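In the form deposited in one PDB entry, a lone chain appears below as structure tokens.
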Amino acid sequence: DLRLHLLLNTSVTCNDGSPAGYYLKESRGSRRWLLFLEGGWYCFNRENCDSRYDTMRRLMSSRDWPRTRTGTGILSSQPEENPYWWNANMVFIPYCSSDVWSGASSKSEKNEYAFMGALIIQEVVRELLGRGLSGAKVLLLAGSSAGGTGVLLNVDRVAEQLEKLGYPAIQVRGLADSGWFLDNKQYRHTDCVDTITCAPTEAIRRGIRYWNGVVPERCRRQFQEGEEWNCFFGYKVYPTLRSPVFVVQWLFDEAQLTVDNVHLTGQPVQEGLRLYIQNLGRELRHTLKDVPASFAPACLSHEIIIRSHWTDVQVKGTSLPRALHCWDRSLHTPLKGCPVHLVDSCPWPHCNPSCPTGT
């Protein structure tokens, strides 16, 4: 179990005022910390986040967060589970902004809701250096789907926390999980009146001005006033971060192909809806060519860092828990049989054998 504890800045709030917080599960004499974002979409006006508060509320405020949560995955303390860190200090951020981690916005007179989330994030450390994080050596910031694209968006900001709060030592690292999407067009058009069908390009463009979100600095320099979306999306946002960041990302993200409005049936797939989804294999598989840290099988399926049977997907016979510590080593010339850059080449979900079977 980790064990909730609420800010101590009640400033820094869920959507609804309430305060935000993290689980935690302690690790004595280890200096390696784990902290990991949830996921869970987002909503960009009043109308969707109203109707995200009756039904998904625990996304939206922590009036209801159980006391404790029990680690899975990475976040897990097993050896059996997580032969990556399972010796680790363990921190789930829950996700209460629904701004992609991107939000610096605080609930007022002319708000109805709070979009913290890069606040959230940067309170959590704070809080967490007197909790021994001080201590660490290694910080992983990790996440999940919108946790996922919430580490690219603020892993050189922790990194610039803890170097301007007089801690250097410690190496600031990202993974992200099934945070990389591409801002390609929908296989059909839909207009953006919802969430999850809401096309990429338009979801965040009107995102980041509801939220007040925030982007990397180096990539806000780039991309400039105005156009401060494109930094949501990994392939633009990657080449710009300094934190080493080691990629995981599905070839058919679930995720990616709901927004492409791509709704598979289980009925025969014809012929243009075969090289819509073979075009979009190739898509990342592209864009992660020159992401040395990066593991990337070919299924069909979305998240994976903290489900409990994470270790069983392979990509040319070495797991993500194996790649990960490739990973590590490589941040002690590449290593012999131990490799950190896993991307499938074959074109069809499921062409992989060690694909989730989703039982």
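If you superpose the two forms and keep the largest set of C-alpha atoms that fall within 1.5 Å, you have the rigid core. Numbering follows the first chain given and starts at 1. What changes on going to the form deposited in another entry:
Rigid core superposed between the two forms, residues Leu273, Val138, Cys192, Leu280 considered: the one with a C-alpha shift of 2 Å or more is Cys192.
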Contents of the next structure:
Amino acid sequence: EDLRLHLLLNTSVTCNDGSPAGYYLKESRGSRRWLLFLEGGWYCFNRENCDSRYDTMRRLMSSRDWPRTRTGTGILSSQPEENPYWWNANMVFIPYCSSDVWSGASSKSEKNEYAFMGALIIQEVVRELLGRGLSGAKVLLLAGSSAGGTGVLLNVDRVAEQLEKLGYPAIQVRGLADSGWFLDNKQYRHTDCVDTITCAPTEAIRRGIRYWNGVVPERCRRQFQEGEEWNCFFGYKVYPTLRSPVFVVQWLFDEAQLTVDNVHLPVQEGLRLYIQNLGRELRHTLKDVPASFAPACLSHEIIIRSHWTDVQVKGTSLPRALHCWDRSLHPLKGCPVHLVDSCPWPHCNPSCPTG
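Return one more block: the form deposited in another entry, after the form deposited in one PDB entry shown previously.
Nothing else is written out below except the one chain.
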């Protein structure tokens, strides 16, 4: 139970219910690498659905019941057997307690039942870590899964700008977005946005941004402009606007993408063609993403799972691809960084997770 909780010293930076946000840290002295991981877990976007989330997913809205430690797993493990890539790094797990895809900048107040402070939580964590050793860093990798992966895309350049303005231009900020690269595609079956379950992510995120006071990266904001900032929550639209190196991990048939497309799994022709087209579209969006790992599996998240080393694309595991990415940022013979499956159906890669 090896990462220790620190509640933020700035207690105006809060989870949804006004309790302090925080982070779990395991230092590795003498390492100048820092991994800051953003937890995922969907989002809520109005009073009613945030109230329901508060009843049955309260750890995602409050720190009051957080344990004092958490065990680092997968890319957060300190054992080389489990984490060939960054086992000796300084490890930070940032709990997701803002329900805003890490985008919010609004406090609980007279007018707001909940605080949505995800973008400010990340900034405050970075600020407080600087005094605990991050000031000596050479690389800060901001990683995250699901909504935390999208959170990487929305925040990595802001972390880079923050460190530059604080006088640390030597810290190289990079992103690792896992299972956060979604498509605003047509659903397999179609429902108008009449409640939470019928509301597609484009409409739910458009509402969320207003409810959260959500913020997006500046260059993407300037492209899409007022009322269209929801576009910046879709990886293929925001990624080309970013300056920081970002490695994208995305299952081609992500279970959360299928859920928001109203697919849940003998498959007949219409659905077969739908699923094949989804994988093709995902592969197309990654064509020109040089650092990516996109296996042809029906699954969800990878990087903090203990068996994250097992999956391979073209014979290369994700820890290997990440190591090759590090080398590339110092093509490399036998050390690839762009790994996208071409086979067209879930589990056509034999190394997919078994479930």
